[PDB]
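Read off the chains here:
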Amino acid sequence: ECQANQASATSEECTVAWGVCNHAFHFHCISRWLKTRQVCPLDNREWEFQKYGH
Amino acid sequence: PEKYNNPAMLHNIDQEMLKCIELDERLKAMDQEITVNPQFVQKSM
Amino acid sequence: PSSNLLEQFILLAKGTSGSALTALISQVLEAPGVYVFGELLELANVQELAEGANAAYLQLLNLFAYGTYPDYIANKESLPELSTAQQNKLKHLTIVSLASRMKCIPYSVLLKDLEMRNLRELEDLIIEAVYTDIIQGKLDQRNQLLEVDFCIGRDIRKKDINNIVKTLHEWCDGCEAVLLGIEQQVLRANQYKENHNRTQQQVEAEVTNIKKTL
Amino acid sequence: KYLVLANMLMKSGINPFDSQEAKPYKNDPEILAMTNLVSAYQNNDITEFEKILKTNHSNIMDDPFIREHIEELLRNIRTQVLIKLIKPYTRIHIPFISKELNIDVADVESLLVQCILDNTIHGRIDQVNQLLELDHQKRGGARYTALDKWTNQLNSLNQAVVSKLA
Amino acid sequence: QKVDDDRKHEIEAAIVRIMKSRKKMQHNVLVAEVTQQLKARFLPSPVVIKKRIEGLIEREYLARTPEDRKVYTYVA
Amino acid sequence: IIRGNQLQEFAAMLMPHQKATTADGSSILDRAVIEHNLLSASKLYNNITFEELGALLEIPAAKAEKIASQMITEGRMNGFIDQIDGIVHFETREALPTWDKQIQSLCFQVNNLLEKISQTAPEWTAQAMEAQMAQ
Amino acid sequence: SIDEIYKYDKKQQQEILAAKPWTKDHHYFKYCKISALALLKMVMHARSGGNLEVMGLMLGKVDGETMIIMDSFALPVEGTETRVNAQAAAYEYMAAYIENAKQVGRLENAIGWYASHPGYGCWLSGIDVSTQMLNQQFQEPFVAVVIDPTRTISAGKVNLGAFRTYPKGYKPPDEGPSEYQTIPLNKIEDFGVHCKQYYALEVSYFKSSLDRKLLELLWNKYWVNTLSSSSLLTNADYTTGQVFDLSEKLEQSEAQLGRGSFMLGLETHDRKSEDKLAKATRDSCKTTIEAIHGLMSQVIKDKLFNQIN
Amino acid sequence: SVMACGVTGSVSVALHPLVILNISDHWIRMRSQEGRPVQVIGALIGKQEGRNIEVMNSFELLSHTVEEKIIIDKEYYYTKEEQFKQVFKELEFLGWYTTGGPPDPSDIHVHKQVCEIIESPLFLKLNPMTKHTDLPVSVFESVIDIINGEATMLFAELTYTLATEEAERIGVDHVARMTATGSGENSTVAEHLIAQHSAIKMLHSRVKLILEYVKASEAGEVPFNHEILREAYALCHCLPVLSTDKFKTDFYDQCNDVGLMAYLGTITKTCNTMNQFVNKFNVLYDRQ
Ligand SMILES: [Zn+2]
Ligand SMILES: [Zn+2]
Ligand SMILES: [Zn+2]
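Quick note, the sequences are listed as chains R, C, G, B, L, D, E and F, same order. The entry's author numbering puts the first residue of the first sequence at 55, with every later residue one more than the last. The entry's author numbering puts the first residue of the second sequence at 364, with every later residue one more than the last. The entry's author numbering puts the first residue of the third sequence at 7, with every later residue one more than the last. The entry's author numbering puts the first residue of the fourth sequence at 278, with every later residue one more than the last. The entry's author numbering puts the first residue of the fifth sequence at 693, with every later residue one more than the last. The entry's author numbering puts the first residue of the sixth sequence at 272, with every later residue one more than the last. The entry's author numbering puts the first residue of the seventh sequence at 24, with every later residue one more than the last. The entry's author numbering puts the first residue of the eighth sequence at 29, with every later residue one more than the last.
These are computed hints drawn from the structure, not numbers from a lab. There are no misleading hints in this set.
Below, simulated DMTMM-like cross-link-like pairs (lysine to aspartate or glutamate); rule was C-alpha separation at most 25 Å, straight line:
| id | chain 1 | residue 1 | chain 2 | residue 2 |
| --- | --- | --- | --- | --- |
| 1 | F | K297 | E | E271 |
| 2 | F | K113 | E | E122 |
| 3 | L | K742 | R | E102 |
| 4 | B | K441 | F | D314 |
| 5 | E | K53 | E | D32 |
| 6 | D | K337 | B | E325 |
| 7 | D | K387 | F | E240 |
| 8 | B | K288 | R | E100 |
| 9 | B | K376 | B | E410 |
| 10 | F | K297 | C | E388 |
| 11 | E | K326 | D | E365 |
| 12 | E | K326 | G | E153 |
| 13 | B | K376 | D | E322 |
| 14 | L | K716 | E | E104 |
| 15 | E | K47 | E | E198 |
| 16 | F | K113 | E | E76 |
| 17 | C | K391 | F | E213 |
| 18 | L | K700 | E | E104 |
| 19 | E | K230 | F | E219 |
| 20 | E | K324 | F | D278 |
| 21 | L | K715 | E | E76 |
| 22 | E | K219 | L | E752 |
Generate the whole structure from the sequences, applying the supplied hints.
As structure tokens, then:
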């Protein structure tokens with residue numbers, strides 16, 4: 055959603071997203087995944103947001 | 364074999380248009396004539 | 007830069023002429039870019055070549071101005087031998103004349119008018135013409151048709167001015183006829199509105215008359 | 278190995294290694310075969326996937342439940358490869374699909390029937406000529422159907438109302 | 693007092709930011725959608741955006757019913 | 272449309288071979304040459320057959336259909352094929368978009384002609400004003 | 024007289040505001056007449072807002088069952104409403120502008136508020152209903168107008184609605200066409216909760232000198248490309264939804280008539296049934312005449328261009 | 029004479045429909061309030077980028093006639109200047125507008141009071157009592173000329189253009205549609221056909237200009253205008269746009285679809301009329 059979708063990419067971020075279960079994803083990717091499902095598709099945990107960035 | 368893309372179907376539809384328009388004009392004339400009658404005016408007044 | 011090169015040769019033609027001019031015209035027919043040759047023909051030194059002994063190059067230039075590729079084939083004995091660029095330019099000009107009349111050119115017509123045997127080189131000629139901003143359109147290989155949306159024009163022997171005037175007069179007459187038809191439709195709509203208003207006023211007069219009666 | 282098979286059975290492209298499965302376990306000799314299966318599954322390489330199954334058969338379907346599930350796994354990946362091919366061509370010969378999938382023609386027909394019955398394929402099958410006719414959906418219809426239903430229903434409604442009132 | 697003041701300003705910014713977006717959410721869809729609509733992300737600190745909308749349950753305007761989160765009184 | 276004569280110069284520049292460490296994917300040069308010539312095919316060709324497309328791309332028709340199939344799947348080309356007839360239908364602007372674009376181009380060219388006559392020939396503008404005042 | 028509506032009669036407005044006929048009927052106000060100037064200004068503000076909601080005030084007057092609108096103006100929204108409501112320094116500019124209009128002439132007072140719903144249709148949300156209920160308690164003659172800049176582009180015609188709320192506890196009568204509108208899933212819940220707490224006014228214009236000039240000018244100026252295809256109604260969405268609404272209404276009327284045929288002596292049922300059938304017929308007729316006009320323009324222009332000579 | 033002769037426009041002026049709309053409303057209300065068409069005075073605001081001036085908005089100003097001269101309440105204008113600051117900061121003052129015919133010896137008096145406020149003000153005058161088909165709006169600039177040894181300020185007409193955003197184009201287009209079709213379907217195709225009639229008039233005017241140019245070239249002018257003539261030939265080649273079987277089939281398809289829809293609408297109107305007639309018929313004679 056940042057190399058194929060947006061072209062300007064100005065004043066942008068696309069950080070990492072760390073959860074309680076210690077998994078890591080792009081902030082953009084997990085936030086969009088939270089639209090339909092909210093269960094951290096690697097497990098059935100509810101995926102609390104414990105950190106952003108590396 | 365009628366794809367309804369020929370002018371004949373359009374002409375038939377326009378003939379039905381003329382028939383329906385004449386029918387509606389007759390209906391409006393009858394409605395006016397009914398409006399002329401005494402009982403409807405008596406009920407309205 | 008074809009127009010700038012065309013103007014420079016026009017300026018040069020005002021001076022030096024003769025065999026150098028004929029060779030210069032041959033260079034024009036070989037240099038890509040020049041798709042209009044009417045400006046060259048208007049030069050007085052071209053008319054000097056008319057009375058001059060040499061006429062093969064003038065008949066060559068005259069054919070590029072108005073004639074097409076099939077005419078050039080018949081005149082292989084009276085015209086100077088062309089180059090690959092000269093032949094391609096004439097074929098592009100011939101396609102312009104063909105695309106000017108009909109907007110959809112079947113591949114059969116293309117293979118016939120341009121002495122075209124291989125269809126693969128026919129596509130190469132077509133794409134080369136389009137890529138040089140000569141013709142605009144799309145190709146239909148399944149139907150073997152060449153759909154041309156836009157194409158450049160050609161010069162006129164001062165005889166097509168009458169046809170242009172006739173076409174413009176026909177367009178003006180058609181526009182005036184459509185304007186008169188629109189005015190008639192507006193008048194008919196106004197008459198229908200007046201009839202509806204007359205019906206409404208008749209109804210209201212009848213209602214008021216009955217109200218006065220009671 | 279249980280997690281990898283279950284992850285591939287849910288028809289999800291999610292990679293079940295990520296940070297949870299450390300890192301070196303991907304290159305483990307006992308797990309490298311499973312890693313190659315995941316790589317082929319994500320890349321939808323049926324030819325490479327089946328080659329790995331036959332090459333490491335002593336550690337691929339050796340456990341009975343995987344041997345039970347290997348047929349379903351093959352069915353899913355063949356469906357995914359097929360579903361990624363039906364769209365581009367449209368109206369293609371059936372035997373070409375069989376050669377591409379390296380399976381029998383009858384299996385392709387059965388898989389095509391299942392995909393159509395699952396509404397995944399918006400097309401039909403011509404078994405006489407071994408042809409898979411896919412609808413183009415370029416008609417832009419499904420509105421004339423609604424217009425006709427509205428027309429007929431409300432005209433019957435008007436007729437009934439007039440009959441009852443008169 | 694540094695961390696107390698540090699948490700004080702970020703929760704204050706957290707509430708200010710969310711009431712600007714102000715949309716109904718099921719349980720997790722907008723709480724992540726509000727973070728991407730800020731200036732410099734990571735400042736939100738989700739640990740406070742969840743317990744202060746849970747602190748909003750005492751009153752109206754997203755009363756945020758405790759168990760089945762869905763009654764987010766979208767009227768103010 | 273890129274031919275096979277521009278290949279030599281670009282290949283040498285890349286990395287005395289191909290930019291990376293060789294390409295060997297039919298050369299990334301020719302992979303892009305086929306990819307680009309297929310895009311340029313989409314610009315003009317409404318539809319195309321297998322053999323003629325292969326001759327255009329200087330590749331076997333089996334290679335041409337697969338590459339066109341791959342680009343449709345990835346969305347880099349819009350269109351569809353038909354293996355029974357061996358015809359790839361690249362694009363067709365129905366009947367309404369083509370007519371609308373043609374009429375818009377005609378109107379734009381008319382406006383450009385009017386502007387050119389007004390600018391290059393202000394005497395024409397004066398004559399037009401005189402004519403419209405006379406009538 | 025085209026310009027008669029522009030005459031302001033202050034005493035007549037005071038007389039109407041003292042009479043308060045709207046207190047006698049919650050369906051009193053039925054029509055909303057909007058001036059060309061007002062419409063243009065509102066639409067421009069909505070589209071400048073882009074995908075963000077903007078709002079403003081409408082200046083105008085009342086005339087019988089009709090509410091009239093003339094003007095509209097932005098209020099300082101520092102930091103995009105960083106405070107409560109889109110007001111901030113509101114009546115600061117408002118009252119100044121108002122005294123300034125009593126000075127330069129404009130004497131029409133506040134008649135309502137407008138709000139924009141970019142890409143999600145014209146209706147009142149829960150927040151909008153609370154806002155309008157408050158406005159119907161203080162400035163009783165108020166109207167909640169909603170615009171849609173994104174649908175203005177999509178459908179082509181400006182998506183605009185005028186609404187008035189019902190007082191707390193009061194129930195609407197059975198009569199209610201309720202045109203169908205596409206509502207996105209993030210808004211549909213709130214829409215459904217509050218959709219019966221208000222009603223829609225009939226929005227109408229009256230031509231005018233403002234219209235005559237504006238229309239003619241911009242029309243010629245940009246319509247040289249008179250084609251714009253010719254049928255922006257080709258998009259199924261609008262037409263399809265309208266036809267679906269018509270079908271639903273007529274089927275409801277039939278179900279009513281079938282149940283009312285058993286009850287002998289219920290005149291009100293016959294009245295509402297006839298009215299609903301008549302409303303359905305006029306809506307269908309307007310859609311039909313719009314399509315006919317589109318076809319007429321298409322046919323004339325296409326015949327002129329293609330084979331004139 | 030307050031008009032400069034031989035002076036060409038130095039800056040480009042872009043005007044928006046909102047500015048014209050504001051002027052029309054200001055003139056109408058003042059005419060309604062005080063009988064005759066009283067002259068109105070307002071201000072122009074917008075964005076200026078170097079020599080490119082874009083007038084996007086316009087508000088009204090206060091005018092006080094004392095000693096037979098117009099005195100503009102610049103303090104009111106200054107009070108309103110900060111008023112519009114609170115809403116829009118990107119818009120800057122550009123000039124003032126008024127209504128009337130040719131410039132009078134009162135607008136020069138007004139313009140000089142606007143020239144002391146800002147560096148370069150713009151002057152616009154609208155004619156609400158026009159009779160021609162052209163736009164009665166002209167933009168004039170301030171120029172200093174030495175007349176009889178005295179520096180006299182004059183007005184130079186500017187060749188302004190019409191700037192409009194997609195949104196303004198669509199909104200005003202809907203405004204045109206709301207006049208074409210009346211609220212109760214009044215004057216249905218009156219303004220509709222007149223719109224196409226005016227478009228065809230514009231096209232016919234272009235055609236007649238081209239034809240007159242060709243006829244003049246036949247006798248005089250340039251014997252061969254090159255580009256122009258060749259392109260006009262190719263353009264008539266597009267007059268018979270010309271079609272194939274598929275385009276005619278699709279055109280007849282659309283015509284048949286719209287005709288069927290029209291037939292359905294006529295059926296609906298006829299059945300409504302029938303329902304009304306039956307309702308009356310159950311009343312006049314029938315019981316129950
Ligand atoms: Zn991203
Ligand atoms: Zn997890
Ligand atoms: Zn709202």
